[PDB]
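Number of protein chains: 2
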Amino acid sequence: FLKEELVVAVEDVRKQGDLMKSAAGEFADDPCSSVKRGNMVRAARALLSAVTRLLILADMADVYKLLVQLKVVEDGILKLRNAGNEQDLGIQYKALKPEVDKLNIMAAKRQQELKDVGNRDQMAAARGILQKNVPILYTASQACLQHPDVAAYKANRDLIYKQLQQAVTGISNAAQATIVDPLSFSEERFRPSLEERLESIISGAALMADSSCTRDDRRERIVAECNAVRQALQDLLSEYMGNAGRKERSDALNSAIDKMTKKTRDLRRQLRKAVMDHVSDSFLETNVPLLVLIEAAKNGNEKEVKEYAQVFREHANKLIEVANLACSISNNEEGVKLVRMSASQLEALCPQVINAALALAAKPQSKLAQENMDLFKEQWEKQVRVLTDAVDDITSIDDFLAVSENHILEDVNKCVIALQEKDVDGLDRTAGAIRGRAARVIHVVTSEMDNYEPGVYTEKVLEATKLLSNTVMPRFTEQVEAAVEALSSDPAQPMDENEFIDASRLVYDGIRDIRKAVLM
Amino acid sequence: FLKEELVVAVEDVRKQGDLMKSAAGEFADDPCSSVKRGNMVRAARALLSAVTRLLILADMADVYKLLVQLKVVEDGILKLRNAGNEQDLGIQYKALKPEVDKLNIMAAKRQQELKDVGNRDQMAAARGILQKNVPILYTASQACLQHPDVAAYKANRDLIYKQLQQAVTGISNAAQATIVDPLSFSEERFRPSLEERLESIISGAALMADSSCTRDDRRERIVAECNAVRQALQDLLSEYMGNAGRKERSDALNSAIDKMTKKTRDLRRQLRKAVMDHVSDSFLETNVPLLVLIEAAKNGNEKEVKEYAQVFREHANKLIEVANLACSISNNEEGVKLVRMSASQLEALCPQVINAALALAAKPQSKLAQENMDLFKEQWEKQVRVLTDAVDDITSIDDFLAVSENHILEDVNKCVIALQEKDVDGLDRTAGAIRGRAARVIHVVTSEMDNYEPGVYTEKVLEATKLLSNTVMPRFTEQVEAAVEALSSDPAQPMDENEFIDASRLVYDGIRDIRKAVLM
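Going line by line, the protein sequences match chains B and A.
Count the first sequence with the deposited numbering and you get residues 85 to 262, 290 to 631, in order.
Count the second sequence with the deposited numbering and you get residues 85 to 262, 290 to 631, in order.
Don't take each hint at face value.
Identical chains blur together in the list; that is why a pair holds if it fits in one copy or across any two.
[Unchecked claim] Derived DSS-like pairs (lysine-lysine); straight-line CA-CA distance at most 30 Å: (1) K417 to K193; (2) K87 to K384; (3) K105 to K120; (4) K199 to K120; (5) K155 to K120; (6) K105 to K478; (7) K417 to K87; (8) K358 to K525; (9) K120 to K149; (10) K181 to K493.
These are calculated hints, taken from the structure and not from any lab test.
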């Protein structure tokens with residue numbers, strides 16, 4: 085198998101190589117010779133075969149190598165979880181750290197070798213989870229030995245083990261392996304025949320919408336633009352059916368499709384201007400399911416914690432979905448991998464967050480718990496911001512600023528009208544959304560400017576950003592709360608409508624002068 | 085470009101080869117060395133690159149070569165068509181015969197090189213038509229010079245030229261290279304939401320019948336089974352509308368669809384057992400529009416020839432349609448291409464057949480015409496049998512024998528009853544249909560057995576086939592005519608009812624023991 089095949093391969097490669105050299109030579113001395121030429125050709129082909137045979141054999145060498153190390157790490161992981169005393173536990177992790185690393189290398193190898201990108205993604209995703217959890221399993225399984233009466237800890241340890249076991253299998257599964292979608296799909300229509308097989312590849316493969324999980328506007332917009340392009344496709348399939356044979360150029364009918372089909376591809380640009388906006392219709396409030404999910408457990412409340420798991424979990428994955436929708440549309444693979452990977456890790460760091468809350472809700476005094484939470488908290492936010500920053504790039508920074516401009520405008524007035532309606536519950540709420548999108552805008556603008564060389568362009572932009580967050584925003588928040596303390600205190604002190612409006616306007620305008628500075 | 089690149093390629097291949105040899109060596113003396121090993125690997129990869137670079141360059145050499153020869157044959161073909169005197173004409177064909185051949189070789193080269201099979205098919209199809217027509221163009225364009233007042237000849241010559249021009253382009257087009292429908296449709300239903308978008312993709316896309324262009328039975332059968340499955344779909348769309356959300360398993364309602372929808376897919380199997388039967392309800396009589404369409408023109412009858420064009424043309428295309436219906440249902444692409452292609456060629460060889468008859472009907476003595484017809488006749492039948500054999504495979508040989516069993520039975524009795532009714536016009540007619548389906552059965556049975564290894568199974572089958580065509584059939588035909596000469600001769604000689612029935616029964620039985628032998 086191993087060495088066996090190798091020597092054998094070296095042979096074929098050696099022999100064919102010699103015959104190729106001579107042939108190549110005889111051709112060099114007589115390049116204007118047709119025969120001597122053909123000889124060189126056949127020779128080249130023969131060389132290819134010998135060379136490839138070695139590559140294939142070489143692939144086995146790598147695969148096998150991956151297997152050996154894979155099985156080693158498998159047992160090691162289970163041995164770590166089953167550790168009973170801190171002595172054995174510490175001993176296992178040390179003998180596993182290297183084994184894990186080695187496998188990590190070998191994994192990256194097959195990852196590249198795997199042809200179809202799909203499997204390649206699985207390999208990297210599996211490798212990641214494996215790489216991240218291995219250390220965590222140690223910390224989890226360790227806690228169970230210090231507090232054997234904390235089912236919460238045991239449950240966590242096992243969940244990590246589960247994910248780890250998954251990764252290992254995923255590596256082997258992908259090791260046996262051997290893009291956008293609307294882009295490549297739209298490029299298919301041009302022939303004087305078979306209108307029956309094209310009508311099926313353009314019909315049954317052009318019916319995949321999505322929508323949902325967005326605000327009412329995004330649903331409406333998507334509904335209108337999706338119907339306008341569906342009709343478009345049918346105008347292309349009903350008008351095209353009249354070309355026949357000789358119409359192999361561009362007349363009134365063939366172009367009746369070329370003007371409808373070639374232009375209506377807009378649906379794509381519609382779903383984008385419809386998704387990228389989620390970033391401000393349910394984002395910045397990223398801490399919302401953590402800075403309370405923790406406070407619950409941190410207060411010895413085992414009840415409002417169980418119910419919060421779903422609440423937390425819900426807002427989380429919902430965010431990842433939109434991140435995926437951003438992947439469906441984006442021929443950018445390098446960036447899709449980033450997003451899809453950042454999503455996987457963050458998708459795997461989910462159960463851990465819950466386990467933490469569980470162990471803390473039962474022991475809001477256990478310094479080990481309060482620290483375990485604090486630690487997990489840090490890792491969750493850290494993994495969130497990245498997935499977020501990874502996505503902010505999968506899209507157009509500029510487009511983001513555009514949608515943020517309109518939406519900001521909407522919520523801004525929602526507050527202004529709330530100030531008039533003297534509805535604090537709304538005044539507060541709306542104001543918050545304003546602070547959200549605003550900051551979400553300053554972060555994306557700045558994080559995107561790190562790819563540009565400092566200068567007039569970067570200066571005029573950051574300044575516009577500095578103002579909105581340093582001068583603007585504060586004066587507005589100062590007015591929001593100022594209004595609140597004018598109806599909940601005593602009967603109801605008179606609110607200064609003026610300053611509130613002008614202050615709030617600065618917010619919107621601020622975004623405007625930043626967007627304008629971004630373009631320039 | 086050519087030689088230029090070559091010498092260059094030989095270099096990279098030469099240098100890399102040397103470095104590879106040494107590396108391979110150092111590894112041989114120390115195979116247990118990891119470093120020396122890696123070296124060998126990197127070396128192997130480097131060799132691959134040098135080798136490939138040569139292959140690519142080599143591809144150009146072949147492509148270019150194809151181009152040169154392609155342009156040569158192009159002009160030659162046009163020069164042949166424009167020939168005015170038998171002198172120049174004969175001269176061109178001779179200087180083209182070789183040019184054509186050379187290109188034929190070069191074409192076969194790129195054909196293999198082309199990666200995607202699709203283009204590969206085009207290359208072969210284009211090459212074929214080019215190979216076949218080149219000689220024909222000569223015979224056609226030649227006739228026009230001997231009888232300049234025969235538009236029929238001119239029209240033919242040009243059509244050949246058109247096809248030839250097509251092939252050439254098709255070769256160059258493919259040289260730049262590197290599904291079913293009911294099957295994929297039925298696999299769509301499984302989700303706790305959006306019952307409004309699924310109801311439209313399962314309703315508006317499940318309404319495409321056909322029927323017609325068959326005997327009364329095939330229309331009735333199709334009508335019954337199409338209505339039984341239409342109702343079925345509505346039992347799936349009316350019962351499904353009650354799953355809601357939690358019903359994500361398989362209860363009484365969700366399965367009320369799973370038992371109706373999952374079983375009624377039979378409509379498909381109905382349209383098949385309804386189409387494959389055409390093969391004996393309007394086939395074998397394939398010569399019928401030729402062995403008379405010719406006799407007409409061959410008798411200097413320019414009148415019954417014009418009217419026969421439509422008659423001939425009608426029976427032809429009708430046959431192709433059914434061949435297409437056999438394509439709609441058959442996920443087999445490789446076979447569909449065959450059928451669809453065999454149909455195209457035969458669909459293009461149609462106008463030519465007519466042109467022949469036209470030129471002969473006007474000159475039933477012109478040895479040039481009588482030969483042109485004889486030639487065209489051969490090509491039409493040849494292209495027919497193939498399209499036919501191509502289709503006989505797109506279906507189930509066994510199923511064909513089944514339907515042939517029932518239909519034979521019907522026509523058989525139609526004759527027996529005709530013998531009793533003493534209706535010769537029917538006796539003759541029916542008997543013919545019997546001889547048709549019968550032979551159509553023996554050919555399909557034998558042509559299908561060429562895919563099986565000779566032995567007991569093949570023996571017991573062919574014999575059953577041999578009997579039906581050697582012993583059976585004859586004794587029956589002998590009785591049919593024998594009965595005819597028993598009422599048209601003198602007043603009406605007494606017919607021997609006995610022998611006629613027994614003889615005719617052999618026909619049916621013959622088919623039975625062949626079908627049974629096919630199964631076994």
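Right, here's what the structure says about each hint:
no.	hint	result
1	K417 to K193	neither (42 Å within a copy, 70 Å between copies)
2	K87 to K384	neither (57 Å within a copy, 54 Å between copies)
3	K105 to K120	both (13 Å within a copy, 24 Å between copies)
4	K199 to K120	between (37 Å within a copy, 27 Å between copies)
5	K155 to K120	between (54 Å within a copy, 26 Å between copies)
6	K105 to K478	neither (72 Å within a copy, 63 Å between copies)
7	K417 to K87	neither (57 Å within a copy, 77 Å between copies)
8	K358 to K525	neither (57 Å within a copy, 40 Å between copies)
9	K120 to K149	between (44 Å within a copy, 17 Å between copies)
10	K181 to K493	within (23 Å within a copy, 74 Å between copies)
Taken one by one, the earlier hints fail for this structure at numbers 1, 2, 6, 7, 8, listed in ascending order.
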